[PDB]
Amino acid sequence: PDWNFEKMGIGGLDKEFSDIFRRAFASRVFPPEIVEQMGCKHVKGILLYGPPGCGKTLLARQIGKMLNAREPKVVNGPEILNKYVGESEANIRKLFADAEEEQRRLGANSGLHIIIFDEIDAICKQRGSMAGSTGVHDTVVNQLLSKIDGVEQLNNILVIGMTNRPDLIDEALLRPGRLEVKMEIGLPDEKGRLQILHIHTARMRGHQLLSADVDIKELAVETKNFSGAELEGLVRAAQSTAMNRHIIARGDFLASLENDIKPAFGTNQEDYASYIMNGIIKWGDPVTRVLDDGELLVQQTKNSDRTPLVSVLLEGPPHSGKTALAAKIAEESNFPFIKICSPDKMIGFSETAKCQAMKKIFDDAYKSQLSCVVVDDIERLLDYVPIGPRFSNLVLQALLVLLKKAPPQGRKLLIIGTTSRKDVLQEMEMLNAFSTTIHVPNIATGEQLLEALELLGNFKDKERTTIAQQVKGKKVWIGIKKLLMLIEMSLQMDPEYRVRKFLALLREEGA
Amino acid sequence: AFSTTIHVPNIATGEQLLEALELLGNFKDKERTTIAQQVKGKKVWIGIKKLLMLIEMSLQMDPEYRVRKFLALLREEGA
Amino acid sequence: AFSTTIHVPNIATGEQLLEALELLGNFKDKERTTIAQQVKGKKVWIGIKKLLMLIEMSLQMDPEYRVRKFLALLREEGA
Ligand SMILES: Nc1ncnc2c1ncn2[C@@H]1O[C@H](COP(=O)(O)OP(=O)(O)OP(=O)(O)O)[C@@H](O)[C@H]1O
Ligand SMILES: Nc1ncnc2c1ncn2[C@@H]1O[C@H](COP(=O)(O)OP(=O)(O)O)[C@@H](O)[C@H]1O
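Protein chains in written order, with my numbering: chain X, 1 to 511; chain H, 1001 to 1079; chain E, 2001 to 2079.
Honestly, I wouldn't trust all of these hints.
Claimed, not checked - Below, a list of computed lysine-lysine pairs in the BS3-like style, where the Cα atoms sit at most 27 angstroms apart:
no.	chain 1	residue 1	chain 2	residue 2
1	X	404	H	1050
2	X	475	X	462
3	H	1050	X	405
4	X	302	H	1043
5	H	1028	X	422
6	X	359	H	1049
7	X	359	X	404
8	H	1069	H	1050
9	E	2049	E	2069
Hints in this document: simulated from the structure, not taken from any laboratory.
Using the sequences and the hints given, assemble the complete structure.
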């Protein structure tokens, strides 16, 4: 048995490699004298899927190193497509034909010619047969499988499939014998990451550049979700500070410093700022009780085995910063995975491009254990307008099934809408699908207003005395983003005229 | 085009509802009995998949306020 | 554009019904005496392609509740 992971190359996924070893590759490592009776033909092909950056391509070559081929030829799918019809399929034919010579020449004792596809998922779209929608590339796959399971079948081969979209592949491409067996890779647990860190450090520890104040046990777990690929870049970044340390003139952690730089596959901390200008200004009880409620039912999820999915939307009148509150609710529990979906970046897209950004985000999210995702300004991406009813049916349809779509077993998430008007939604039947709602009343009163202004501190006691004298009495109904807007508009004034400008403008709010 | 149809009734009855709690065991005898005093001679029309979210959302709470918000959020739906 | 039409009628009479059942032979005369006394004087609008579902869907029950369900189902459509 040659399958031990004390060999350094990869780690953390030990069970999955064990499995392929268990049922996939046992035939090829066993004394053949027995099986030569049984005539058991080997797996010709295998599939493994998972997130992109989790070190799958070093598995394949490692089994090639483990059980020696001449060498791998690795290819990328898009590296072969041609406008000219003949060329693309022919390339594949060359790849296979390299082996057939040895197989027929040297019979059935030949060594493996191994193949790897970096991503199939474009080429292996599931063709379907009818007069229309035959397909664009539906004829390359025929040549492929005809090589795999075809006439003059060969036992001289091994082929590795790779994808991040396992469901689009045709079911016959992967029927048993052509590729029988599938494995899932999922983003590694902290144990796998401490192994990986042991790996990439193993030279540094030996060369003793980094001798001190370095613990992988904490430094692994402080990140709950990363890809093993980024960590090597991280280690390279960790290597960069010692070289950026000698710009001034034997190694230090800069990891705690640099982790803020890195966009993860998972959570990001640097996207708040555009959404959070000012932080969370608590003007009164409703604000704090709301985000307290957020902190309340988040625990529901994290402590629930029977409700993986939960959902709310923060409704309220406009310009109350519901977006910001949702962002804070995300930021409050230090989740593994948080992400924004917003029209800001999906701008100027068709009804089926933004959908494919959205399915991308959630199926990206499904495979994390615990997550919080947020969608802002539902009305906008739904492309709602009152004059005419107009919207894209596609979007809400594909959205609400996701609100009713449970992720795979053992993974849980909550989802957050910021919709500012729900009458449409009640009419449009998204509101029965959401579990529950939050009214976010905008500030209704001056006694709360001046309090907030004291928290900001723009205005003096006299400037504030002005307000306190004139109106205690009105109930002003105002969204706060507008408040900030016009104080900044009055903050520029002749000081004597500063305040009553604010007041006069403020009395134009309506209702 | 469809041959026949079958109406799944939603759960009208408090007793029937109470039996499910009795079945699931999310709630203890003391509170369930408190509900029995509270809700009987009563018709309640709420969804099952709604119920799950209710009992759990309350089941994460401190016990004193737990049931109180439960039936409050339940009575949020009259019919 | 159509040169002519044909109205196809739908089964109007327990008479046509029960003789159709004489034809199929699924139900024998004894139970049909009951169904006779049930249909006479009343009108029926149902087409047979739906009937031929009702026949077997009732058939799969035990014989005693057989015909009572059959007609009791047909109450819905006949009304
Ligand atoms: N606790 C708070 N109360 C009120 N406003 C806050 C609070 N915390 C932050 N904000 C402010 O909310 C503003 C965000 O704007 P806002 O999200 O209200 O526009 P919007 O509501 O998305 O627009 P629309 O009303 O069309 O949805 C920021 O300036 C932010 O500082
Ligand atoms: N144990 C491991 N787990 C995850 N990733 C690893 C591990 N060991 C190495 N890696 C990194 O995983 C990366 C995989 O990159 P590659 O396979 O080229 O892109 P993709 O993973 O998207 O196909 C490699 O660059 C490698 O540095």
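Hint check:
Distance hint between residue 404 of chain X and residue 1050 of chain H is fulfilled; the C-alpha atoms sit about 12 angstroms from each other, no more than 27 angstroms. Distance restraint check for residue 475 of chain X and residue 462 of chain X: the Cα-Cα separation of roughly 21 angstroms lies within the 27 angstroms cut-off, and the hinted pair is therefore satisfied. For the proposed pair residue 1050 of chain H and residue 405 of chain X, the alpha carbon gap of about 15 angstroms is at most 27 angstroms, so the pair holds. As the CA atoms of residue 302 of chain X and residue 1043 of chain H are separated by approximately 33 angstroms, the hinted pair breaks the 27 angstroms bound.
For the hint linking residue 1028 of chain H to residue 422 of chain X, the alpha-carbon distance of about 37 angstroms lies beyond 27 angstroms, and the restraint is violated. Taking the CA atoms of residue 359 of chain X and residue 1049 of chain H, the gap is about 24 angstroms. The hint holds against a cut of 27 angstroms. The suggested pairing of residue 359 of chain X with residue 404 of chain X holds, with an alpha-carbon distance near 14 angstroms, which does not exceed 27 angstroms. At most 27 angstroms may separate the alpha-carbon atoms for a hinted pair to count; residue 1069 of chain H and residue 1050 of chain H meet this at roughly 15 angstroms.
A C-alpha spacing of about 18 angstroms is found between residue 2049 of chain E and residue 2069 of chain E, which places the hinted pair at or below 27 angstroms, so the restraint holds.
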